[PDB]
Amino acid sequence: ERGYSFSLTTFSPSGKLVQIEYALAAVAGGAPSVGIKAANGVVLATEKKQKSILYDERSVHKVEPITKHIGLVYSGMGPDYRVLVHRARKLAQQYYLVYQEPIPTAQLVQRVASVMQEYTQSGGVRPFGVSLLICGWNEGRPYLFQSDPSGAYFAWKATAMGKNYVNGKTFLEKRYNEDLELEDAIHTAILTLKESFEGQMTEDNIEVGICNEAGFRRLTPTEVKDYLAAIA
Amino acid sequence: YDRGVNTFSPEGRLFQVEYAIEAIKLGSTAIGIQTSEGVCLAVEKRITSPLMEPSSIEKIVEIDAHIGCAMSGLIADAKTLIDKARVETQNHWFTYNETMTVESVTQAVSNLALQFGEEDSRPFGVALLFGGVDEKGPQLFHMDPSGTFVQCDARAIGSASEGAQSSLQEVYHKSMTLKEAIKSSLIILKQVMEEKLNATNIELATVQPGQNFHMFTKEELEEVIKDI
Amino acid sequence: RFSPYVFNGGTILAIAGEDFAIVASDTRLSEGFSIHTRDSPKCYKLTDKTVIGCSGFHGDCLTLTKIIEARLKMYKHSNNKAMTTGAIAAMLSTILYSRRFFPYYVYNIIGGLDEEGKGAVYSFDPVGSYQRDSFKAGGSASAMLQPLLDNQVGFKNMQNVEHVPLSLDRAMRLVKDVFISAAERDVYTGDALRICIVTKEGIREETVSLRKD
Amino acid sequence: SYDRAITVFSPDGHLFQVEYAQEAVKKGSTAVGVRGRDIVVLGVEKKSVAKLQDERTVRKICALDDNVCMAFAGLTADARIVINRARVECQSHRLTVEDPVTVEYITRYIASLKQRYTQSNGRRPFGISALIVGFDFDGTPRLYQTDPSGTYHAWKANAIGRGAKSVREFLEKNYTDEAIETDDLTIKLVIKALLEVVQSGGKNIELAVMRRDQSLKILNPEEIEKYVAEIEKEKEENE
Amino acid sequence: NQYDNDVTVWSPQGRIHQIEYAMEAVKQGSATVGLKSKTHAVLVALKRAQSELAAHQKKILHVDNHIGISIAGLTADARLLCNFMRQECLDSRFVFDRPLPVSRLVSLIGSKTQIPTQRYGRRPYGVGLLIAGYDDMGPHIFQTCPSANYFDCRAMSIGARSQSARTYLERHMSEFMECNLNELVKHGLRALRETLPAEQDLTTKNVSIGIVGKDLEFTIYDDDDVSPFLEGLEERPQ
Amino acid sequence: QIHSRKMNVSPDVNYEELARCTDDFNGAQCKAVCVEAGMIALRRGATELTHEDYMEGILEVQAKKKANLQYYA
Amino acid sequence: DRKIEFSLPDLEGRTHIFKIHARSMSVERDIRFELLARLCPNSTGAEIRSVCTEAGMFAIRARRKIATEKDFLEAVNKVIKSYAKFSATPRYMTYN
Amino acid sequence: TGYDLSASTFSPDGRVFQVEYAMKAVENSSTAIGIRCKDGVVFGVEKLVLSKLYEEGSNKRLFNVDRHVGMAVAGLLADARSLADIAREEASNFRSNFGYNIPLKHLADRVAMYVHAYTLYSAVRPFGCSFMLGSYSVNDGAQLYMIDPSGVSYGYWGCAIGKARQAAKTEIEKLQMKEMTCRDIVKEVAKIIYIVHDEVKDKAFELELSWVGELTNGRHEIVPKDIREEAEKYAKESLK
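Chains H, K, S, J, L, F, A and M, in that order, give the protein sequences. Going by the deposited numbering, the first residue of the first sequence is number 3, and it counts up by one from there. The second sequence runs 8 to 127, 134 to 241 under the deposited numbering. Going by the deposited numbering, the first residue of the third sequence is number 1, and it counts up by one from there. Going by the deposited numbering, the first residue of the fourth sequence is number 2, and it counts up by one from there. Going by the deposited numbering, the first residue of the fifth sequence is number 4, and it counts up by one from there. Going by the deposited numbering, the first residue of the sixth sequence is number 367, and it counts up by one from there. Going by the deposited numbering, the first residue of the seventh sequence is number 338, and it counts up by one from there. Going by the deposited numbering, the first residue of the eighth sequence is number 5, and it counts up by one from there.
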């Protein structure tokens with residue numbers, strides 16, 4: 003068939019794009035997630051509760067690698083996340099087939115956010131319902147970026163997205179400083195996800211990925227139980 | 008609230024084809040008369056301002072050397088149909104080396120008149142008269158926004174249409190002459206227009222079997238006015 | 001490799017008269033050194049006042065005839081009258097030029113009556129140029145027939161000879177004799193001579209036998 | 002491809018998007034033009050200066066060729082793309098037929114561009130009117146205007162924009178034969194006309210004359226100060 | 004009513020109203036009557052005019068040497084299908100070198116007109132074709148409709164005030180399969196005098212007759228050659 | 367047929383025709399034809415009912431809109 | 338039962354309405370109403386009354402005692418073509 | 005309301021009404037039944053005589069898709085023969101690509117996906133037709149499928165579509181079609197469509213029968229005249 007070819011996102015008489023405002027409400031009703039960079043690498047952490055004991059928790063993953071050195075989490079709705087992951091997987095490849103170099107983390111956010119802006123203006127589509135947190139260690143210095151369904155992006159030291167994010171950002175303000183190691187950042191990222199979790203935080207209720215100068219990787223549930231031990 | 012542009016009435020006709028018939032009741036009136044001696048064809052100009060140049064506007068325009076025209080309703084979209092009629096007579100001359108007849112000009116325009124839609134956007138709000146002399150003698154045709162054309166003998170088109178058509182059925186007979194058919198039409202235009210009739214409010218054009226399409230000008234026109 | 005053309009022979013002849021037009025052709029179809037058939041005329045009746053002859057590559061002569069017969073119907077359904085003879089010749093000049101860069105290998109002669117009941121002959125090249133003449137001969141034996149009709153019809157190269165216009169009776173035996181001379185020296189000129197005569201009352205036909213080499 | 006009929010008929014036979022666009026013209030600034038027998042004179046009013054902006058970027062009198070000037074009213078966004086399409090057409094005429102473009106020819110290009118654009122799919126009509134002024138070959142000065150429906154139309158004097166009915170009613174009681182007697186006397190008609198409009202007391206007017214052989218020549222606000230003195234001085238003594 | 008705007012939208016009863024409103028357009032045109040014998044097919048039309056000086060709008064058109072049609076509805080849609088009709092007859096004559104059969108022509112029309120009755124923003128064709136022709140199986144009378152549903156029949160009548168013409172044909176169709184062309188036509192002419200007001204009938208300028216015949220090419224008779232057919236009819240009983 | 371009982375109806379009536387030129391009516395509208403045809407004959411002064419009186423009664427019950435439409439066919 | 342339609346007047350409907358609302362007002366003798374009804378194509382009877390009541394006010398504007406033909410024409414373009422932004426009709430012909 | 009205009013909107017309880025409205029147009033078409041015998045399929049269509057003016061053999065509600073496949077329709081006839089064109093065209097591309105005659109489990113699968121594709125978009129409407137497909141093969145036996153306007157297909161030992169659907173398939177299960185050959189079936193097809201449509205609603209009607217099997221050598225064709233006159237001889241014995 004064909005499409006619609008008209009924007010269903012218009013300006014209000016008060017001058018506010020209403021569908022982008024409603025899409026942020028879907029982001030705020032998502033699972034909580036925190037992300038902290040500290041002086042040698044970035045820690046991404048999320049919160050993954052299965053609805054019942056029947057689910058296989060080792061089947062899908064929130065924390066996803068994009069390349070050797072770039073990871074990515076979200077806080078929003080599920081199926082919209084897997085679309086722009088596969089889009090971001092490809093955009094790192096057309097950069098590499100031209101320049102023969104891994105893409106910088108700043109240039110990836112230039113191109114993922116330009117998709118979402120192009121997607122909130124074109125005809126016959128509703129915008130995405132996810133926000134992102136993107137980490138990576140390009141040229142020594144680590145990076146931590148956050149996009150939104152509107153298409154903007156920022157450069158955070160530490161932030162929180164999802165439910166109770168206004169309580170998470172006040173908690174990080176009284177805890178984070180400029181001088182921490184990576185494993186110190188892990189202990190304060192589980193401590194801030196404990197502010198809104200359920201009663202038991204086991205080795206499969208959360209999912210943590212880290213960056214180093216050695217590259218991005220995702221923690222296996224063995225040592226996640228070790229970090230969850232000696233906590234609070 | 009909003010229909011499409013392509014919707015039938017419950018009475019069954021259409022909406023915007025019927026709306027375009029209402030639009031040609033706002034144009035200037037126009038009268039054409041078919042006579043066996045030739046076709047006379049007149050119009051008013053409806054001069055608005057004294058500062059306006061009078062000869063810049065026109066309603067009579069020619070299609071070929073033997074076919075004239077007369078337009079009413081809107082004017083700006085009439086210039087599209089005139090240009091399609093001019094190209095159509097030249098393609099017929101190019102391939103067949105003859106002159107296209109007056110009837111087959113009209114259906115070439117009338118097939119264009121109903122082609123709006125949402126593929127490949135509104136009907137044309139004009140109404141036309143076609144005076145010409147082909148090999149069957151002098152002819153006179155009248156098309157529609159609906160794409161319907163029919164041969165008339167004396168047709169009056171414009172805002173004063175039904176007032177003139179009543180006064181035109183009483184003066185016409187089949188054995189007129191061209192010198193008095195011209196005089197008969199200016200009596201009708203004198204009754205229906207607003208301002209007084211002079212050599213600037215109106216213009217005429219006739220086509221004869223002998224000579225080609227001829228349009229009057231402000232020297233040979235006012236002898237008919239002073240001898241009305 | 002695959003060559004798209006072949007020469008099938010054939011010879012056509014038209015003479016414009018004062019109130020008539022005679023179009024004649026042989027009836028032999030043949031390519032190479034063989035014979036396909038001994039009965040395949042070239043007299044095609046377009047209207048009651050126009051006959052066309054088509055010689056050359058026979059696959060193009062079959063196609064071009066059917067293209068023309070469609071467009072005579074499209075004229076009448078759009079103009080409520082039949083085409084005149086001059087209108088056909090102006091039309092077919094555009095059809096032949098429309099394949100300028102892959103041309104028809106067809107020689108065409110249109111004979112018929114005008115609006116005043118006089119003869120008219122239009123001869124074509126395979127690209128689509130034309131003029132109106134009194135007599136033309138096209139095809140394989142065109143180099144043999146054209147000098148003879150300059151002497152007899154055109155009254156050329158003669159002294160103290162009176163100029164009488166060609167009657168219908170003189171033009172019949174003039175056509176019948178000139179194919180007998182052409183059948184002797186040309187290997188392509190065939191066996192039966194189909195003669196089509198266009199008058200103000202219809203189209204008559206006549207078949208004359210020849211030698212059958 | 003956005004395919005939707007924007008301009009449709011009304012149930013009484015009007016095109017609403019066309020006559021809504023004629024009200025966008027009816028609140029743009031006033032532009033007045035008359036023609037003399039040897040020098041044409043047109044000039045916009047209501048410059049509305051804020052003394053912190055570049056005075057040349059705000060101009061509304063532009064040239065399509067050496068011989069053809071153009072003024073407009075309405076909204077300026079749609080104006081300068083009609084101009085840039087008209088500059089291309091009057092240039093491609095020279096690659097064809099060798100003479101420069103007659104002033105009547107370029108208005109038929111603009112009006113036919115403006116009409117078919119109230120006919121296409123998914124396009125709102127233009128919201129501008131124009132004044133095209135030029136002295137063609139054989140030195141015949143004449144002018145035209147363009148309705149947003151696309152009806153080109155010649156004139157002897159005209160005025161469009163906000164406050165156009167009062168100025169046109171002023172010119173009919175004022176356009177005599179001897180008002181176009183001298184070249185400096187036709188300018189005294191325009192400056193008297195725009196003063197009978199939205200105020201523009203010598204600080205908001207910008208005339209631009211053309212003497213049938215030059216290009217356009219904007220006089221700076223010193224002769225306009227000189228002309229507005231003597232235009233009031235004749236009114237100072239007669240009444 | 005919100006179910007009455009587009010061709011796509013079904014009614015809660017299951018009747019698309021935009022098709023049913025195009026049936027009103029064919030009820031506005033003037034009447035025409037077609038009927039057939041064993042060896043002939045005759046269709047008779049009734050012209051209208053606007054003023055007494057304008058000419059009458061013709062309705063019977065020549066499609067091919069053995070096919071003719073009669074229209075009822077808006078004429079611009081009629082020429083849009085008639086140009087499709089001529090085109091499909093002569094290319095089959097171009098390819099197969101034979102006249103295209105009548106029953107196979109109409110199946111192309113039913114597929115042509117069904118497409119805009121299912122898309123979005125596409126009107127139906129408001130037209131009322133009665134078709135008369137020859138297969139190798141003799142005469143055929145067909146009618147179509149804007150609902151793209153064509154009917155095989157032996158006598159029909161469509162247009163304004165056509166129900167009175169159908170009542171005449173039902174009580175006389177036992178005689179149609181025997182008579183020659185002379186009283187076959189003036190059987191059909193007695194149908195058109197039924198569908199008129201009681202003062203004017205058949206004044207040789209508003210009627211047209213078309214015949215396709217077993218040795219006869221399809222021929223249209225107009226307003227001078229009608230006069231041999233039109234004479235010999237009795238006065239209207241009252 | 368039921369509501370035409372008390373009216374002076376000439377035997378020129380085909381109820382099978384009249385039921386067939388009235389489609390999409392109901393029992394009120396079919397009753398409404400008989401009263402309107404019984405009043406149009408009172409306009410022309412007739413005493414009996416003819417077939418054309420019913421056909422003019424149908425055009426009043428359908429409530430068509432009259433707009434100058436004779437340019438078809 | 339009955340479903341009487343009140344349409345807009347055609348032309349002779351309009352000419353008769355002018356003769357009703359202007360039969361009792363001081364007018365110039367030589368004015369023609371048929372010219373006026375051609376200038377109001379789709380106009381209600383309510384507007385035609387307001388044309389006649391407006392053009393009498395123009396006679397009361399300056400000094401005079403009876404209206405002229407141009408006093409009507411100054412009332413036509415004000416009532417019909419200047420109040421045309423409102424017009425009240427064209428979204429009610431479709432009855433929505 | 006407003007939830008039932010397009011075919012792209014679910015209801016607030018989760019069903020599409022544009023499909024259900026189009027199903028309602030099927031119960032105004034009359035009746036088309038078809039049962040399969042031991043060694044073949046017999047269709048049957050009772051056909052309304054609307055007026056005397058139509059011709060015997062007009063506007064057949066019983067098509068012929070391939071050499072061995074048959075179709076009997078019930079619905080809006082312009083949409084019926086539109087589906088009959090693409091099904092006839094689908095069987096041609098099977099033979100031109102795969103070399104042999106198309107089987108029925110694939111043929112009714114390809115058509116029903118084409119019908120299903122018009123119940124997804126706002127740009128098109130659903131079809132207003134239900135129909136049946138029947139055939140016979142020497143390597144497969146007889147087949148009998150049926151397709152609703154939604155796009156759902158199943159197999160049957162006998163089915164019915166039209167106005168009186170339940171009132172027709174009440175008597176079908178009284179038969180024993182597992183053992184009867186397609187000769188006694190033809191008398192029993194015509195009998196069960198005589199007890200339906202009382203003479204109050206319809207004045208007169210027309211029998212139309214179809215027939216396929218190895219007795220027809222696998223080809224689909226109409227019954228001969230003499231056999232259906234025996235079934236119309238078997239007509240007026242249902243009054244006892």
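Note that these hints are calculated values from the structure, not bench results. Any given hint could turn out to be false.
Which stretches of chain L does chain M cover? Using the computed rule of at least three CB atoms under 8 angstroms from a CB of chain M, they are [to be verified]: (1) 8 to 17; (2) 121 to 131; (3) 154 to 164; (4) 170 to 176.
Computed, partial: chain S to chain L, Cβ under 7 angstroms [as the list claims (entries may be wrong)]: (5) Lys-66; (6) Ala-70; (7) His-77.
The list that follows gives simulated cross-link-like pairs (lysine to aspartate or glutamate, EDC-like), each with its CA atoms no further than 20 angstroms apart [as the list claims (entries may be wrong)]: (8) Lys-203(K) x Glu-384(A); (9) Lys-422(A) x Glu-29(K); (10) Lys-76(S) x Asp-9(L); (11) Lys-418(A) x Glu-20(J); (12) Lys-203(K) x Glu-371(A); (13) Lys-73(S) x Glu-110(K); (14) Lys-30(L) x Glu-414(F); (15) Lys-430(F) x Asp-7(L); (16) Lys-422(A) x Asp-13(J); (17) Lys-115(L) x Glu-126(K); (18) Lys-66(S) x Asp-7(L); (19) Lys-86(K) x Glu-224(J); (20) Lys-70(H) x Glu-120(H); (21) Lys-81(S) x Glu-126(K); (22) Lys-61(L) x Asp-225(L); (23) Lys-56(M) x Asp-155(L); (24) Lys-174(J) x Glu-60(K).
Think of the CB as a built atom: it goes at the ideal place given N, C-alpha and C, for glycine as much as any other residue.
Tested hints:
no.: 1; hint: 8 to 17; result: holds (count 8)
no.: 2; hint: 121 to 131; result: holds (count 3)
no.: 3; hint: 154 to 164; result: holds (count 6)
no.: 4; hint: 170 to 176; result: holds (count 3)
no.: 5; hint: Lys-66; result: holds, 6 angstroms
no.: 6; hint: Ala-70; result: holds, 5 angstroms
no.: 7; hint: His-77; result: holds, 6 angstroms
no.: 8; hint: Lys-203(K) x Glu-384(A); result: violated, 28 angstroms
no.: 9; hint: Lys-422(A) x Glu-29(K); result: holds, 19 angstroms
no.: 10; hint: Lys-76(S) x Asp-9(L); result: violated, 39 angstroms
no.: 11; hint: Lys-418(A) x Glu-20(J); result: holds, 12 angstroms
no.: 12; hint: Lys-203(K) x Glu-371(A); result: holds, 14 angstroms
no.: 13; hint: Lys-73(S) x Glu-110(K); result: holds, 18 angstroms
no.: 14; hint: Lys-30(L) x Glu-414(F); result: violated, 29 angstroms
no.: 15; hint: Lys-430(F) x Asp-7(L); result: holds, 17 angstroms
no.: 16; hint: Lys-422(A) x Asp-13(J); result: holds, 13 angstroms
no.: 17; hint: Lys-115(L) x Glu-126(K); result: holds, 17 angstroms
no.: 18; hint: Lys-66(S) x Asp-7(L); result: violated, 49 angstroms
no.: 19; hint: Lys-86(K) x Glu-224(J); result: violated, 44 angstroms
no.: 20; hint: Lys-70(H) x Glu-120(H); result: violated, 27 angstroms
no.: 21; hint: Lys-81(S) x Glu-126(K); result: violated, 36 angstroms
no.: 22; hint: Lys-61(L) x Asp-225(L); result: holds, 9 angstroms
no.: 23; hint: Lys-56(M) x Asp-155(L); result: holds, 12 angstroms
no.: 24; hint: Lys-174(J) x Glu-60(K); result: holds, 17 angstroms
In summary, the structure is inconsistent with hints 8, 10, 14, 18, 19, 20 and 21 from the numbered list given earlier, while agreeing with the others.
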